[PDB]
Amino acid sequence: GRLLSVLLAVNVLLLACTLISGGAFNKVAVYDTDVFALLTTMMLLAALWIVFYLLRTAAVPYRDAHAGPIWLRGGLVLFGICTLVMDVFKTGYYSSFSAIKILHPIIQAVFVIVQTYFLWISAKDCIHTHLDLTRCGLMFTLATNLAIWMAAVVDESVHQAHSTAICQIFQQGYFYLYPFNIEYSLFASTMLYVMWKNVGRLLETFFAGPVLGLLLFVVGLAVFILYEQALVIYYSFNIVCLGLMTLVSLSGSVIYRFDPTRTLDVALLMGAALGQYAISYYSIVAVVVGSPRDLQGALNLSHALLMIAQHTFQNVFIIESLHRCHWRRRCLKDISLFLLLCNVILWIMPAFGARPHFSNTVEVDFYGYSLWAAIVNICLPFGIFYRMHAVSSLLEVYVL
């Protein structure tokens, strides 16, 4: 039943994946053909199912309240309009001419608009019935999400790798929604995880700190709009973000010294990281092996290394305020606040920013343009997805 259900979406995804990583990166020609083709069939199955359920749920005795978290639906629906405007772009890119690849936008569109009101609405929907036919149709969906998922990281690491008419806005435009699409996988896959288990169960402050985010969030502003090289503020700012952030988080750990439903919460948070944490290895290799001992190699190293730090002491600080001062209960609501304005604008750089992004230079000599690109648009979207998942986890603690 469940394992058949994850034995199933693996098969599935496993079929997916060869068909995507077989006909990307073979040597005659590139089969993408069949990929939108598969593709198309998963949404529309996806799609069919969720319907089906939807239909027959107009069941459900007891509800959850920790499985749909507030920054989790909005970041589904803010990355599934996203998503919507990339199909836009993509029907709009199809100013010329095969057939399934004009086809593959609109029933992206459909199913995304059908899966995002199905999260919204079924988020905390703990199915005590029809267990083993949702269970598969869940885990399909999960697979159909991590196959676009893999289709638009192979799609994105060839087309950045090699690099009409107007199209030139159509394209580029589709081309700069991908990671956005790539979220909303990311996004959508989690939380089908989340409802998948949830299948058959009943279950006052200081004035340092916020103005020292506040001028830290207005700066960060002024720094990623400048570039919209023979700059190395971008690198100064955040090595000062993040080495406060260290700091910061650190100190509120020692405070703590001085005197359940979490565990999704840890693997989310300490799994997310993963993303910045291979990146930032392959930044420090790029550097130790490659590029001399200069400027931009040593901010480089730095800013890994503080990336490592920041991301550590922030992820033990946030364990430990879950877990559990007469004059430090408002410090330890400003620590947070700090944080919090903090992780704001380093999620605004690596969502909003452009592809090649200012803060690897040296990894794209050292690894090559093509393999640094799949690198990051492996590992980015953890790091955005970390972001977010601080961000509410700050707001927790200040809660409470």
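Residue numbers count along the first chain shown, from 1. Take the two forms, find the largest set of C-alpha atoms that superpose within 1.5 Å, and that set is the rigid core. What changes on going to the form deposited in another entry:
- Note: rigid core superposed between the two forms; among 275, 80, 179, 213, the CA shift is 2 Å or more only at 179.
- Core-superposed comparison between the two forms: the CA of residue 354 exceeds or equals a 2 Å shift.
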Given for the second form:
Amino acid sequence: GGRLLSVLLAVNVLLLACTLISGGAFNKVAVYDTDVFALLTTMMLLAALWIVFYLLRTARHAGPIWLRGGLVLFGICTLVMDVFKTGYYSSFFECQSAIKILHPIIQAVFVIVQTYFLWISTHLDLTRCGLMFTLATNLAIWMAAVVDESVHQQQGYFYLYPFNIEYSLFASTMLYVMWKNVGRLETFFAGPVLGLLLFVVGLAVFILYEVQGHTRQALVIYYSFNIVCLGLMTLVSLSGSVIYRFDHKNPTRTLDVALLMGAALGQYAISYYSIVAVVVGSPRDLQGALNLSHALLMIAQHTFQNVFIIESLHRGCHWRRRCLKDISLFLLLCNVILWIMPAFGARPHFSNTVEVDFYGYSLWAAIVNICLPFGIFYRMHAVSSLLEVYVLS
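Alternative state: the form deposited in another entry, after the form deposited in one PDB entry:
Partners and other molecules omitted; one chain follows.
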């Protein structure tokens, strides 16, 4: 009853959808997508109709602030992909099912209505069930999108990545936040300069080799920047912690702590999978050494940055405050540049040749499509938390 009644509906609805998505994709007789698209369209239709009904009856603690920006950005990218899908599937209809053209139209409506509904965020019991059903709708969409990339391998621009995984993650987090609240009662000129330099070098590395085989030098450049970037934050964040050593009536920021370590778990899994794939696999060559160092540095960077940020938030000589400004700002700028790759780069990175060979394309694509989008969550929260730290001290 009440809150638990809505939760039980969601898991039962999610379990039903997940079985149909997984069963229809991982069976041996044939691969079914029209049924899966028919399923997703039905869930989106009901979810949109509850939201539309909710908006009309309402038009008469909020969680992270970066959540709304990510939802709109990834919602727009989904809309562009949904607009391109209707344009392509409308040129020919004689050789394609109706569900394949009706699905993008419904998805575009669902994204538009849900994004507006979440942006501006009685039967509190109906509201909870409707929110829980929509949360399961996005998680059902998230699983189908993840499965789609795994099973793989006029405009005609099919290269457009459907940002369904990222949009569903942002929507599901925002839907849960709303549901929980239903019925609630100077500068040393060393860090900023270095941080800006890595931002430009990192931005160039994304455009040249990450937007879309490649060359040996291109692979070394990507690893060289990442190793330098991750290594510098690990040293800088470690420096930040030892400064706190040479120096309480507030409560623990459980949400901030949980988000930092929780969202870092995605990159931990990527690193853990990478390490085994190099220890066994790559024949101790240059790429393996670079892969091993990059994977270890991600673990180290995430660990030490999280320690520095968590201690900095809870506490709340002139150089001490001055040095902490560049340390926070250098970590902020480096976190921003490392956010673009998990956000707009091809999930199976061209640098993951060793990983793809070890696990297979389908398994590795599943791993990155599940784990990398959580890196997005981590980078925004790291930037937002570092912004508060820099503003604070």
